[PDB]
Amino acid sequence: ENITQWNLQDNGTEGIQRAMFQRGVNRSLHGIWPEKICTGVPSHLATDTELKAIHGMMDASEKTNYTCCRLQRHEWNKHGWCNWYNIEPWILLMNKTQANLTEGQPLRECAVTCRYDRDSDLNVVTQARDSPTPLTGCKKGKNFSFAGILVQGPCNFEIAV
């Protein structure tokens, strides 16, 4: 029921993706999204110390030189507090999810946002998730590149029929 989304390195994409390519990082966690989105005053103010414990997860913000902890705090505020109640279980999950992402191509990896590269003739996956979803910026008929890994379809498993 929870969507796990992450960023993948792409020099062709200004922002987090360019920074990941430079830093030799393949997959950086974006968030874990339950059905319920949090509204109102959070239960706990996520400190940088707490948020730095999610090892390997880069910030999508230029303001922190794509390090910590803007994206991280945003995630706890919008998706974390009202669903996990405590920061400790949330931190451990986010970190274990990022640990697994650092290992390599996940069991379930589906393109979310693409950036078609005319030179290589590939759909360079900028963001991916553990469930198939309507694509964005993807050219139909072209193969996919998930941080260097070439896949025929938008997912690393069969969806259809």
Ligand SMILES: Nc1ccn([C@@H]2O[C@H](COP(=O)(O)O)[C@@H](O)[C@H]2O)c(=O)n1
Second form
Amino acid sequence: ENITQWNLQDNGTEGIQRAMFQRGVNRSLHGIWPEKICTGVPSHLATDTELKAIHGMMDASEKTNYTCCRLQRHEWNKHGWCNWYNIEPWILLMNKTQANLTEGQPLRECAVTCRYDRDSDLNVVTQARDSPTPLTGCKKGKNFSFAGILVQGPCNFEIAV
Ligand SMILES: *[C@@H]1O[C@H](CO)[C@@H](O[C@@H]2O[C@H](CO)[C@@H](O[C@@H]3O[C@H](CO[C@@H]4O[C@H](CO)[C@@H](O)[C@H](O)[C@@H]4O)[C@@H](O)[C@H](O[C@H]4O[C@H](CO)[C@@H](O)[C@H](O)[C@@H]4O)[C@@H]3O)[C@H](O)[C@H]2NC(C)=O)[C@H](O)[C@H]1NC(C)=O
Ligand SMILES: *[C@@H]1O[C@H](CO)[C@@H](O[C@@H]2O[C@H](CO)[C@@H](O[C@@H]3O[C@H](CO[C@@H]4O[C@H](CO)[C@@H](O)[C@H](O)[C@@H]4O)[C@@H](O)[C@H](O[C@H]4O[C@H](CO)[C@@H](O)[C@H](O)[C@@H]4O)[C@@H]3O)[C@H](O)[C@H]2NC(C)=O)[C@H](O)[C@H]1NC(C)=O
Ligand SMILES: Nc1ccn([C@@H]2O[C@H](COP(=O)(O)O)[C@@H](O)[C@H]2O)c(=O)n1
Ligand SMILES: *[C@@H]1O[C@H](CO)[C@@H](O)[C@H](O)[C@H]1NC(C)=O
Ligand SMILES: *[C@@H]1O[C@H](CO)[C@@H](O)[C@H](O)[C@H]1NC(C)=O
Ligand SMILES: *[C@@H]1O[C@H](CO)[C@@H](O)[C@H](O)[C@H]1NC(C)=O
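And the form deposited with the ligand bound, for comparison with the form deposited without the ligand?
Every component of the complex follows; first up is the chain already shown.
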């Protein structure tokens, strides 16, 4: 039901992807998205101390030099509070999800966004998720590179019949 999405290293893409490449980080959690989007005043303001407890998750913002906590806070505000009700189980889930992502190639990994690299003739995956979705910037007929891992299709598991 919830979509889990993350960023992948790519020196060819400006921002978080380049920062991950430079720091030797392969996968950085973006969010865990239930169907319901939060609106209005959050029930708790996420502190830097709470958000720093999501170990390994890099901020997408250049303002924090891709560390913490703009992306982390935006995720709690837009997807967290109204669905998890309390910050503690949300931090634990996000931390465990990132800990799992840091181990290597997840059991379910599907391309979201690509940067086609002419030199290697590969779709370099910049964002991926745990379920298939329509692709962005991925050139048809080309193999996929998920933080170095070569996959023939957009997912590391068969989707179709
Ligand atoms: C990781 O990804 C980044 C971005 O793609 C790469 O950085 C690029 O690397 C190249 C090669 O060193 C750099 O190209 C050189 O750019 C010089 C100037 O271009 C502008 O300069 C600014 C700063 O003002 C850069 O930040 C901008 O990108 C600008 O466009 C240019 O002078 C230079 O030419 C000289 O060297 C070449 C090649 O040797 C000679 O042929 C040429 O005649 C001249 O002497 C280069 O073309 C490029 O600037 C870098 N871009 C950024 C954004 O930092 C890394 O190389 C990639 N890393 C890997 C694989 O580790
Ligand atoms: C997918 O995403 C959903 C969110 O959409 C996740 O479900 C939420 O999971 C958390 C558990 O991590 C649940 O939070 C706990 O909620 C308790 C309140 O629950 C009531 O029951 C129903 C649902 O059965 C709610 O919809 C109601 O509105 C109620 O409010 C709450 O009491 C509890 O807090 C207790 O424990 C914590 C520590 O764990 C203490 O800090 C706290 O004070 C208190 O003692 C939790 O906050 C939450 O209910 C779930 N939300 C929904 C809407 O179902 C799924 O886990 C996700 N799954 C995956 C696989 O990602
Ligand atoms: N259900 C969702 C939620 C977010 N997203 C993606 O993540 C980006 C950031 O969305 P959020 O600001 O809601 O985290 C969106 O512009 C989109 O690229 C998505 O594709 N599907
Ligand atoms: C982390 O992976 C382990 C092993 O697959 C699993 O039991 C657990 O559900 C995972 N946690 C999250 C938050 O995905
Ligand atoms: C988060 O994950 C790490 C592994 O990366 C773990 O051992 C750490 O103690 C966890 N943090 C919390 C706040 O549970
Ligand atoms: C990143 O992924 C590549 C491809 O699997 C791997 O060889 C390398 O060890 C990984 N680095 C980290 C820090 O996990």
